[PDB]
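Undergrad: Next come the chains, spelled out residue by residue.
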Amino acid sequence: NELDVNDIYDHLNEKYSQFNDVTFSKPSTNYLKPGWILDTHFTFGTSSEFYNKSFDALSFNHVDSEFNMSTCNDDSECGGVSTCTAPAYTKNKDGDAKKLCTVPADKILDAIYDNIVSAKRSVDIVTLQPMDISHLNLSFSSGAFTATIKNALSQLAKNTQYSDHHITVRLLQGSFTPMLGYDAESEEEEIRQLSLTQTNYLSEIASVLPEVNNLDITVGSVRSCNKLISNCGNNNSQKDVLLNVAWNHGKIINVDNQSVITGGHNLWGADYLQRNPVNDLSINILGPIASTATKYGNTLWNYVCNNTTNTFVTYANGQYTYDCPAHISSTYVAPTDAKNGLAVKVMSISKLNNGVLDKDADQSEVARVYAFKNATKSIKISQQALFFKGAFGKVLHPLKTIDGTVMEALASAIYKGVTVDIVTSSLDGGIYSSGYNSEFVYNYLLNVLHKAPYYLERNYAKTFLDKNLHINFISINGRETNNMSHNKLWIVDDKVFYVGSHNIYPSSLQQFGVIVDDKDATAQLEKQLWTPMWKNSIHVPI
Amino acid sequence: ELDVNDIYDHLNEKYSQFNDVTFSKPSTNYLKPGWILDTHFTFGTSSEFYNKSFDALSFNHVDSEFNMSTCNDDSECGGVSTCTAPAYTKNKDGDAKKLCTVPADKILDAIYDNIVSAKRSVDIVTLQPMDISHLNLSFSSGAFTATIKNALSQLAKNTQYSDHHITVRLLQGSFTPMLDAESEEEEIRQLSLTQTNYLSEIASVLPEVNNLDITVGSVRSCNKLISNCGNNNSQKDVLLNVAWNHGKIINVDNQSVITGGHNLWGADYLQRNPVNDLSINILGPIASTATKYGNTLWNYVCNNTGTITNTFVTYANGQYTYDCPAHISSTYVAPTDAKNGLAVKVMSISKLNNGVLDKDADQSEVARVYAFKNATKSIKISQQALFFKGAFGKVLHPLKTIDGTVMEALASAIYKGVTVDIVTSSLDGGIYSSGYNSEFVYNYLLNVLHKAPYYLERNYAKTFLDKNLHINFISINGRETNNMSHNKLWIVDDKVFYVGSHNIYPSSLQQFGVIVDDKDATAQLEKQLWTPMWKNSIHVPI
Ligand code: NA
Ligand code: NA
Ligand code: NA
Ligand code: NA
Ligand code: NA
Ligand code: NA
Ligand code: NA
Ligand code: NA
Ligand code: NA
Ligand code: NA
Ligand code: NA
Ligand code: NA
Ligand code: NA
Ligand code: NA
Ligand code: NA
Ligand code: NA
Ligand code: NA
Ligand code: NA
Ligand code: NA
Ligand code: NA
Ligand code: NA
Numbered sequence: 001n002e003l004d005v006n007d008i009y010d011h012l013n014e015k016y017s018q019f020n021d022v023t024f025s026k027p028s029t030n031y032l033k034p035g036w037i038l039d040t041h042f043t044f045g046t047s048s049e050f051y052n053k054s055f056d057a058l059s060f061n062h063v064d065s066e067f068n069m070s071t072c073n074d075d076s077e078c079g080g081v082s083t084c085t086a087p088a089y090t091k092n093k094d095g096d097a098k099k100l101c102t103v104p105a106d107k108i109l110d111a112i113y114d115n116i117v118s119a120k121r122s123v124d125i126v127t128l129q130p131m132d133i134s135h136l137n138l139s140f141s142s143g144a145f146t147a148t149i150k151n152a153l154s155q156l157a158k159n160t161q162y163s164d165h166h167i168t169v170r171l172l173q174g175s176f177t178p179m180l181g182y183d184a185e186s187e188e189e190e191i192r193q194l195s196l197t198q199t200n201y202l203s204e205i206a207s208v209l210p211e212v213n214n215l216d217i218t219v220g221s222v223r224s225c226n227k228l229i230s231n232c233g234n235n236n237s238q239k240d241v242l243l244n245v246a247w248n249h250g251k252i253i254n255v256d257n258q259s260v261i262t263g264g265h266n267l268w269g270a271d272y273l274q275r276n277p278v279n280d281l282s283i284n285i286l287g288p289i290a291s292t293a294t295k296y297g298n299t300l301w302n303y304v305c306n307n308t309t310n311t312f313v314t315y316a317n318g319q320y321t322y323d324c325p326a327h328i329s330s331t332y333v334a335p336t337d338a339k340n341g342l343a344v345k346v347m348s349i350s351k352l353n354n355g356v357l358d359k360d361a362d363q364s365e366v367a368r369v370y371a372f373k374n375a376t377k378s379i380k381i382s383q384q385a386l387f388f389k390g391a392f393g394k395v396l397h398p399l400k401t402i403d404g405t406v407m408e409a410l411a412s413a414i415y416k417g418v419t420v421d422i423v424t425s426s427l428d429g430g431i432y433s434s435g436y437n438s439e440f441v442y443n444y445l446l447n448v449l450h451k452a453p454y455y456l457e458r459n460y461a462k463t464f465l466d467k468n469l470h471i472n473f474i475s476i477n478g479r480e481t482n483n484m485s486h487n488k489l490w491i492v493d494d495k496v497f498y499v500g501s502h503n504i505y506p507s508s509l510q511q512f513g514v515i516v517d518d519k520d521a522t523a524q525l526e527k528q529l530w531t532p533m534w535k536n537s538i539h540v541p542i
Numbered sequence: 001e002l003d004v005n006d007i008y009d010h011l012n013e014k015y016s017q018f019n020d021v022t023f024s025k026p027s028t029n030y031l032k033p034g035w036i037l038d039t040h041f042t043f044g045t046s047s048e049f050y051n052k053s054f055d056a057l058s059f060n061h062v063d064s065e066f067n068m069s070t071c072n073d074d075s076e077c078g079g080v081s082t083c084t085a086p087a088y089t090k091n092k093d094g095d096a097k098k099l100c101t102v103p104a105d106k107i108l109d110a111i112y113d114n115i116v117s118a119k120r121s122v123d124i125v126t127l128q129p130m131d132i133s134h135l136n137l138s139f140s141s142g143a144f145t146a147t148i149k150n151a152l153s154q155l156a157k158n159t160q161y162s163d164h165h166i167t168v169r170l171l172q173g174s175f176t177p178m179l180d181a182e183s184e185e186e187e188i189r190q191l192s193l194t195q196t197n198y199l200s201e202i203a204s205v206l207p208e209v210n211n212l213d214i215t216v217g218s219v220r221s222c223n224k225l226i227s228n229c230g231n232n233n234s235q236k237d238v239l240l241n242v243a244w245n246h247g248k249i250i251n252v253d254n255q256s257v258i259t260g261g262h263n264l265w266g267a268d269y270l271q272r273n274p275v276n277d278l279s280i281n282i283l284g285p286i287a288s289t290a291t292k293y294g295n296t297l298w299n300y301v302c303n304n305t306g307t308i309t310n311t312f313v314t315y316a317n318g319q320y321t322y323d324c325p326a327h328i329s330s331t332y333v334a335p336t337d338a339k340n341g342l343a344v345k346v347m348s349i350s351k352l353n354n355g356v357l358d359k360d361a362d363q364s365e366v367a368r369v370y371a372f373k374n375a376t377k378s379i380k381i382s383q384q385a386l387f388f389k390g391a392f393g394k395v396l397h398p399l400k401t402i403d404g405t406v407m408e409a410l411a412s413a414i415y416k417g418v419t420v421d422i423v424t425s426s427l428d429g430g431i432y433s434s435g436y437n438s439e440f441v442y443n444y445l446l447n448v449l450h451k452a453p454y455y456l457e458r459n460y461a462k463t464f465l466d467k468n469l470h471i472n473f474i475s476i477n478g479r480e481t482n483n484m485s486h487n488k489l490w491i492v493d494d495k496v497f498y499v500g501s502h503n504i505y506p507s508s509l510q511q512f513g514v515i516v517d518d519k520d521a522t523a524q525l526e527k528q529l530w531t532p533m534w535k536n537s538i539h540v541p542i
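Going down the list, the protein sequences come from chains A and B.
Our numbering puts the first residue of the first sequence at 1, with every later residue one more than the last.
Our numbering puts the first residue of the second sequence at 1, with every later residue one more than the last.
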């Protein structure tokens, strides 16, 4: 029989029962409506020259500064794959939308806006802090995501202006930032800079809300470890300076403890929604799984509130305060017509160690090692990278688990005749590089098969690899060799798949994700993303 | 055209207190046939063909000491190899071996020949072998080890009636932290163990009584990670806050010097898929400067003064001692027939800051920046990489000096119409990767031209780059895209060139090198190395 998520949950509950409903959850029924796949990327099968024309403006138009798309009077004025569209997410506080040349990737903005403006109780956003890129300390979001969020909150304020109660809005980012350039001694100044940026972000939001409104907005940063010279809180065998920092890496937009957007997307517009997009995936799902996401948020916010090295501030009732929103209720209440759509079984898995919870609290790695070790037919993987270069050049591999590593599980799968198909970012992907070529991964697996219980002679092992392992890297069209992917995706037996933040390559960052178990949903995901991507990926023969 | 005298005069004006410490007045030195120790696959062939040089027929085998095929006549040797019985295979009982040797083995011939001729001293400075799974190795690996041992055996026989002992120093820069920063005591213990085993291995191939006083030692001058090691950098991050020796020297009798980019790592240069690199073999008063460099380090090792602790041990007169060889006399005495060969002007140039000497003692960067700023016709550069990835992804550029950066100097040369030809390692070169593609370098120099005193509009700056800048990466035949280079080479005006350890990409490691000023010698170097390498390199347009 094929992989059942129930088996994953049973294994975790047997081995880590103290983290049930903390870093994983009993599978529950949730609902996927049309549009639930938020896969953003260039148009597979074309070319970057063609796709990038989608952002060209004719002389009499211009590129909008808020959304970085061309203005627009009808479809004829839009190039590439774009069309003329007046999305609701361009609607500013005075109600006026803009005509822009939009592209399919903007579906993610549609999903964020639509989810936020419907809030009746709470909006809960967890992300990673934008990267430097010279332009001074941005926080929470960049590019079109910022305007989208602002416009959504404006609309939310109008939609709730006669509400009985206030809406809790939480924005939390994992912060890298003392560490980027010099470093571990300077934490005080860094807090000061973060405080300024966060205050300006909140002030900008407040300036597009009515003077009196029912939104209680908190912004904050979290980092759980800055040690560099010693362990952050884990059971790793590997040791490396770059593993000895930690902040949140999970990515969540959770409305009313009901509607969750989660996946690999940071809220960084230039990386996904402009020229030369990075490939990435999130999903939009509704149901009790939101509870688990809410719990994840609560764990981090509790940590921020009872250890404020970190920083936060909230604006409510016309005032800045340090009222800290540590807890949104995780109890699930089905909205009306919640059962609309495709019903699927889903469990959560998280990684909350390295200074937030106890060092044993990494159940995400265990669940994926189990999934790969128990695949019966196939494993499909799409990642940015599978290995990560340590501080002085050491290759760091996916982390050790009571059940071994991902690489050991994949070696077991290959020996047993399970098909393993892998898509990596390109080696020449700049900031989003795979770090290591296909040959490296092939030889790492070869060496795993030389040792361990297998003891295979090298040439004999190559027959297993050559029959069952196929490693490609992402390409828009099978020709370009510098395209980029940020996926954290895997699919077992065309049945069970992961969407979240957790890269296969190692780090100490906290992570959140979900495991869906359903053939119809997996088939939609493969039709929409995996098959096109695979057909256009490039294979470097060994 | 550029004169090395002007470089010396500039250093002496700005840094007179480091005269005869990190630089020297140009002196006349001598280059005999074979002085160019460039090792690489045979340009124009293929990796398949070249690698066949190490295949053994069924009835022969691959020698474990030298990792070459055994051999009866040329017909049993494939690839570009021939059947040869080199002196450096001669073991302590006098028996050489017949092996299938290749041109790159010239470096072994140079080392052996120089060491066995020693009457007073053998001074070896290098970088510790990388820990790729194997042991902690020290000083040398693969064929180099066997060469050194054999040389020392022969040296003992050659000096067995000597009036005085021969001082033999082996010093390696050691990575710190080893494969966390917290365990320095254990680090030293492991280093001591490896050095002891290496010394005992040497002792076991010397006569029981002999006139060789042999010291082995490790040096690291900074392990802080969280703060500056001792420099005037504007850039900061963690990977620059450690330091150890990177200079590479084999100095016999304060007369004969081999120096350049080669570590004594056999598998990286002298087996299949060779990394490209360059050393030279030179005789004359320049050796004095090399001796001084060694003394500076060995003094540091012997007189720690505190903080970081280093380790060494000596074997002499059948006994292990802590007799520390802090000083070999640097006074040059010309050997008989020293003037044999091509007479060339040479100066020394070193980097000894970051914890050994004062923080201002980085004259190597200044020298190269001056040389580039004052090129009048051409700059040829062959490097592994020009930029280096920092701890958390920040790009680290060649370092600031009182005369600017290397990139500022190259931008100036390009604006003035000077041709700049650059050969880089391949991006897909694994351990020896360029780190950044050619486009990155082009765009970095574009940005330099946008700022600074030029303030050039982007498209106008591109005209200078497109006319005068040519960035290629190394290839055996203009097709293979994963070949590797470790060069640290530059040539100005087909006249002045650097050979040594100092990469253009930044680090805090100590460095030694020399600058040769001679048209005939530069022409020999261009004919043997630069021109074939250039002709077989690959250019990625745009
Ligand atoms: Na894409
Ligand atoms: Na309500
Ligand atoms: Na939040
Ligand atoms: Na581990
Ligand atoms: Na954190
Ligand atoms: Na995208
Ligand atoms: Na867009
Ligand atoms: Na995707
Ligand atoms: Na993943
Ligand atoms: Na990560
Ligand atoms: Na996860
Ligand atoms: Na051979
Ligand atoms: Na030495
Ligand atoms: Na600098
Ligand atoms: Na040397
Ligand atoms: Na070589
Ligand atoms: Na060889
Ligand atoms: Na070379
Ligand atoms: Na130099
Ligand atoms: Na330097
Ligand atoms: Na090179």
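The hints are simulated quantities; they were obtained by calculation from the structure and are not laboratory data.
It cannot be assumed that every hint is accurate.
[To be verified] According to the in silico footprint, chain A covers these stretches of chain B (three or more CB under 8 Å from chain A):
id	segment
1	173-182
2	222-228
3	231-241
Each residue gets a CB set at the ideal place from its N, CA and C atoms; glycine is no exception.
Undergrad: State for each hint whether it applies.
TA: Verification of the hints:
A count of 6 residues in the segment 173-182 of chain B with a Cβ less than 8 Å from any Cβ of chain A is obtained; the coverage claim is therefore met, three being the minimum. For the segment 222-228 of chain B, the proposed coverage by chain A is satisfied: 3 residues have a C-beta within less than 8 Å of a C-beta in that chain, meeting the threshold of three. Using a Cβ-Cβ cut-off of 8 Å, 5 residues of the segment 231-241 of chain B lie near chain A, which meets the minimum of three, so the contact claim holds.
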